[PDB]
Amino acid sequence: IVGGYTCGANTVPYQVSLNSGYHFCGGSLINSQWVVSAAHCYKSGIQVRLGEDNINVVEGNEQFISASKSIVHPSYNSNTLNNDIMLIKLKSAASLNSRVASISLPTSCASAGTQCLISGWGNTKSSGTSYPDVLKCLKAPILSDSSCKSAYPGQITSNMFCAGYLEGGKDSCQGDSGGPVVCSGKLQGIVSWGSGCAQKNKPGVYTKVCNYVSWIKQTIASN
Amino acid sequence: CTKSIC
Ligand SMILES: O=C(O)N[C@@H](CS)C(=O)O
Ligand SMILES: [Ca+2]
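Note that the protein sequences, when read in sequence, are chains Z and D.
Read in order, the letters of the first sequence are residues 14 to 236 in the working numbering.
Read in order, the letters of the second sequence are residues 127 to 132 in the working numbering.
These are calculated hints, taken from the structure and not from any lab test.
You may find that some hints are simply not true.
As the list claims (entries may be wrong) - One-sided and incomplete, this derived list gives chain Z residues near chain D with beta-carbon spacing under 8 Å:
(1) 35
(2) 37
(3) 85
(4) 88
(5) 90
(6) 116
(7) 117
(8) 135
(9) 182
(10) 186
(11) 189
(12) 208
Here a beta-carbon is modelled for each residue, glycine too, at the ideal position from N, C-alpha and C.
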């Protein structure tokens, strides 16, 4: 997260870190046994880390649980990034508490201008790299369809939306992928892609979760 | 450009 603020320990209790001997992506807890992340975060060897603030120090209230299933959307396209969503099943259910909590799925899509909270442990610099120890947060609005298409002509599908800023300085960045965009208490987005980070006229692009609620429910029900 | 760590 570039241009954000320190969230505060466990203030985003649905935020998880995906760890393969290092933090590589975020995700969002949606029930005690399932996490939503981005398809491009798929790999073997995923350990889900819940309850985290400082990802480099054991502080208390962490739960580390191996993934037992990692289910990429069957129609994920790694070139266009269409359908950039993955479900991870945890080997055992997380113990839910004030610091480890699920986030609700949407019942309807969000409108342009809705303010959302984007969070993660990704790079905090728009030029160069600095990875934070603690979780960072950014308040960001969903942009209009026309603004999003003007920023990324030919690249925005119906399963994507833009959020953030056009003036530069505030965005998600490398290491935030897979993590949440939460608006009015609902998981509306997954950090997906963009042209650089926090660059003028190039907002972040996010998977549009409201298009996948039935798919999520069916996939969980059958696994 | 995707936003994972590589
Ligand atoms: O916060 C919670 O949900 N439960 C208490 C445990 S007594 C705690 O972990 O602080
Ligand atoms: Ca920790």
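State the violated hints by number, sorted upward, taking the hints as numbered earlier in the document. Violated: hints 3, 4, 5, 6, 7, 9.
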